[PDB]
Amino acid sequence: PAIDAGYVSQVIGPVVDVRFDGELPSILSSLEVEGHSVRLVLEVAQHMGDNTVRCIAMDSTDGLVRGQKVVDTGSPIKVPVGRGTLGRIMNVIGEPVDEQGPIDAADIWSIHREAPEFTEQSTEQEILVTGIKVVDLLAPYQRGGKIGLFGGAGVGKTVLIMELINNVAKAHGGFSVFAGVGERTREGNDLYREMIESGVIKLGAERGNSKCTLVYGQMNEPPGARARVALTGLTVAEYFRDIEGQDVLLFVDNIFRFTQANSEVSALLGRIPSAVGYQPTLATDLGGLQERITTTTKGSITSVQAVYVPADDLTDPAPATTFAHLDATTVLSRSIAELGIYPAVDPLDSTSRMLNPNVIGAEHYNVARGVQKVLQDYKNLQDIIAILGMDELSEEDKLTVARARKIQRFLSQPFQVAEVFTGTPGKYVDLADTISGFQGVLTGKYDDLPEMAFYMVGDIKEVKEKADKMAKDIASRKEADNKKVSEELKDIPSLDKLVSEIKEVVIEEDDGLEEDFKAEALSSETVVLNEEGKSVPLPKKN
Amino acid sequence: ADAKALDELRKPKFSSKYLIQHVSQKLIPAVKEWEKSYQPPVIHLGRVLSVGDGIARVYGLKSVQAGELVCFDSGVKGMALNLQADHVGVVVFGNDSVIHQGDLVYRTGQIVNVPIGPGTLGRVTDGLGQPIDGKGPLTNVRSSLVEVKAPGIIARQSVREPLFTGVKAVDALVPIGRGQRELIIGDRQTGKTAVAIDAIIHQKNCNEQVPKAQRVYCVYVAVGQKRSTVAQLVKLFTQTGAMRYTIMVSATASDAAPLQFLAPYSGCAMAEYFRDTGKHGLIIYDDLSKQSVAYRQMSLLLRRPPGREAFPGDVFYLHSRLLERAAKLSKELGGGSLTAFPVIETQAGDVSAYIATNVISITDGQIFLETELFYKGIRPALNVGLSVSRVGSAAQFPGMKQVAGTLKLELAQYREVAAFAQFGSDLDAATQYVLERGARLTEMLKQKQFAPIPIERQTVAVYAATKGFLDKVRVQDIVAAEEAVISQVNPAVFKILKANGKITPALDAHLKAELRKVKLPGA
Ligand SMILES: Nc1ncnc2c1ncn2[C@@H]1O[C@H](COP(=O)(O)OP(=O)(O)OP(=O)(O)O)[C@@H](O)[C@H]1O
Ligand SMILES: Nc1ncnc2c1ncn2[C@@H]1O[C@H](COP(=O)(O)OP(=O)(O)O)[C@@H](O)[C@H]1O
Ligand SMILES: [Mg+2]
Ligand SMILES: [Mg+2]
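Chains X and U, in that order, are what the protein sequence lines are.
Quick note on numbering: the first sequence equals residues 33 to 574 in PDB author numbering.
Quick note on numbering: the second sequence equals residues 40 to 562 in PDB author numbering.
It is possible that some hints are incorrect.
Unchecked claim - Label pairs and their in silico Cβ distance ranges: (1) X/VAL103 - U/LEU339: 33 to 39 angstroms; (2) U/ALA468 - X/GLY402: 37 to 43 angstroms; (3) U/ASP389 - X/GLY320: 31 to 37 angstroms.
Just so you know, the hints here were simulated from the structure itself, not pulled from any lab data.
The beta carbon of each residue, even a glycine, is placed where N, CA and C say it ideally should be.
Chain X with its partners taken away, still in its complex shape:
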């Protein structure tokens, strides 16, 4: 009971040192703390050298004393996995945070493992149809690929990752795992409630018919919980890939938060800071996590990860390291969003391994490379269009600017998850309709229509449907003069008659503030504790 039970040596924020009098725990082992108000587990990060381990707290350390008994569990953080975890919300350490009872665990897997070996890799490229025009054309996603959405705080990474849950994750017949790493709690509850009303999450005795399991480590958590909850989300997704052997959809919101939470911790682990104040181990911490999110020869994981860029800076140490880990990078820009184009995808900064003539066909490939050639030559003109205007352009170059403003608006589309605040209903556009639509604007079949006919429309049938509505309303602007439903007698009571139908509200005038409130007696003096732990007023010297 004494040995293999260490005591808290020192507490520095999220970092706890525990001294074990004998039999130190291994690195990555989890350690329970006895006598804390909540369950505080500590993952061993380092052996410090004098029978001391340095640990990372997965909860808050406010309330830790430097003698507190710490029990080693002999294993890493082990979370429940299986088909019984579906329809549940877990935290970093596998506890259910949805009040639906204990989790029916098929197995209890530790969240730490190595990547699949080089012999385990699968090299197969089939396309993932998302129904998004700019995605399916320019940077098409892979059905077992790693997908990164790169964003700069408000450009639309969460709306885009919520549309991919709407479009892809229902036609895809496998399981989904949503790892929420350091995001808003409201979004988590909103996504939890929009899956129950969609039947993706079923509550009660029908829980086994759920298709999504949620792991949430949101931005109110301490930096130890947000640095490890991505590993809890992989472990649930890796059980469905390795043991169950099926195709998993893994959605990680704000993958950069895992890097940021290790950077809040690395300062306190006594490490010299790397470039931009990041932890020196930035590429291998992210590397050891991302190399687990793959498709093996036994199962598949299609991973979509929202990546937040810190100060709209794509050359920052944490976005720049993530770019090498992804098969398809959808870079969302702020200047594209300020032109009203949603999704705010940079067409000349988004890239897919999938965009190869052999992989997607030569008709699809030549449209995407022709769309990018027009948008790049238009970007080369914008220094002169700003200064000299379009009057000084050659008319070969005016046809470039006219076509590129058309395809810039045509890459945007309304989302079925964005209609709750935009009003425009969302359009799923098939892949054959984006290749057909953008090829017509490149050859010149739609130079007749104006620019705003292409803005927020599904396919090229709807540009022509909107060019008429725009044309039709350039004639009709009036003729609402008389013959109304708004005259005196027809449907309308008296105005003073309507006032009596108002139900009067009784205002209780007393504010209801002292209903159940207990008021503790604040003393006239600062009450402190003396050397014997007794509640004593503050003595009189200084």
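Got chain X; can you put chain U with the ligands on it based on the hints?
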């Protein structure tokens, strides 16, 4: 010198005691003659080893909790940040010039806490809950921790209730849900507090008209602000009557940086009393960009490594764990809410800064205040194209939702055709309709300070502007025409719009009729 070699020095290996017993009969006489030069030994109390930079290193304190209120013998509070093996480093909530090496540090036994309750309503406190308004101590109150964890996913619901700001540009275009966070971001001198003051004055007008459960109890937190501005604000709240529902937490620019770092958590804990008891809170963190500068000071003086803008790296968690406590609670937790309005000061319109982009990725929307619209007299200078409120949308006033869908629409085209006509030489006369309706609606949306408008008198004024009834007035008398619309129209039509919530077709006809007998000043 391995550890296997030093624990051999536990067991005795001398077999010769000719000076173990020699000094044992001379040690206690030697210690006794130096007793007035010994400070008394310290185990459960603390003694200051070193003080400086607003951080004290305290010997002793064997049983302090991490993050606990410690009290120096000078009467100053501290918080035990890092417990180390040899000392405990505390951060001093006050002036470190009154702490000396050798001073006793006492334990309060409680993690850092502020008085919360009904008796803190009406008062001006500091960043630690001690009242600075001079009218006594805080009675009818109890202590609660300032670092409470935010409610989780299952303890929340979506925002439904509409929490009227009283600002015309806000409640029409970026409406605020009742458990929502909304960033007020803009440059210096752009009416940042003006939007947050008009939200607080407006709840005083509405609390006396709602039945005791829809009342909003505001909390204003000032971090890094001058004391005179804070004192001029308590005078404004006292004379408008808004101080009855408002708590005023103040950590001014002369205060210590740990008092300014803690003041939004102190004020959030006081506003969490109303969230956790089924009432509704409103909190304003005025210059949360000044709270990050105070936390940057404490992290650099603790020699923590600089960051992107020399910020600690955990400066996101500084604001994220703060603003996550502004939630709309579920029905089993009482149904209470807390609405946050953080304020971020922006340098020269650059919203791609570190602290600006952090709070944008925390909060639910933004209220962008443009410094070029503020210089043109368009006040509140709401950047309509960039200001977002999607959580508060589909939670707003139902009658305002009918009339402001076209207001955002006719302003979306107005920014399109003002971008197309940067100079006047080309006149299309179909876009001059948009230039005459867009300049009409901009003059409708600007309002003057410290006079928030009820939502039923604000729906009618946009009803009178998105539709006809104001194309007579050129652009100048529209502010005079709006008060001509509001005063001359029968005030019994404002009671129907308020009680029904929306514009019924019985009222749509009557309000088209009452808007034709308005004496417009532009004739
Ligand atoms: N709607 C308005 N109409 C007229 N004046 C206004 C309006 N809103 C604010 N002002 C005035 O403009 C000035 C700046 O506004 P305010 O102080 O609210 O801005 P702020 O963003 O808090 O600026 P600071 O960085 O100085 O705190 C003040 O004198 C204020 O009274
Ligand atoms: N696809 C979209 N359609 C319409 N508006 C959008 C879209 N994406 C983002 N927005 C707007 O920009 C905001 C940012 O979206 P969100 O994905 O939540 O942000 P972030 O990318 O910073 O996580 C939304 O609240 C909305 O106002
Ligand atoms: Mg987001
Ligand atoms: Mg101000």
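For each hint, the structure was consulted:
no. : hint                                    : result
1   : X/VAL103 - U/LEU339: 33 to 39 angstroms : 37 angstroms, holds
2   : U/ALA468 - X/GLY402: 37 to 43 angstroms : 39 angstroms, holds
3   : U/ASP389 - X/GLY320: 31 to 37 angstroms : 36 angstroms, holds
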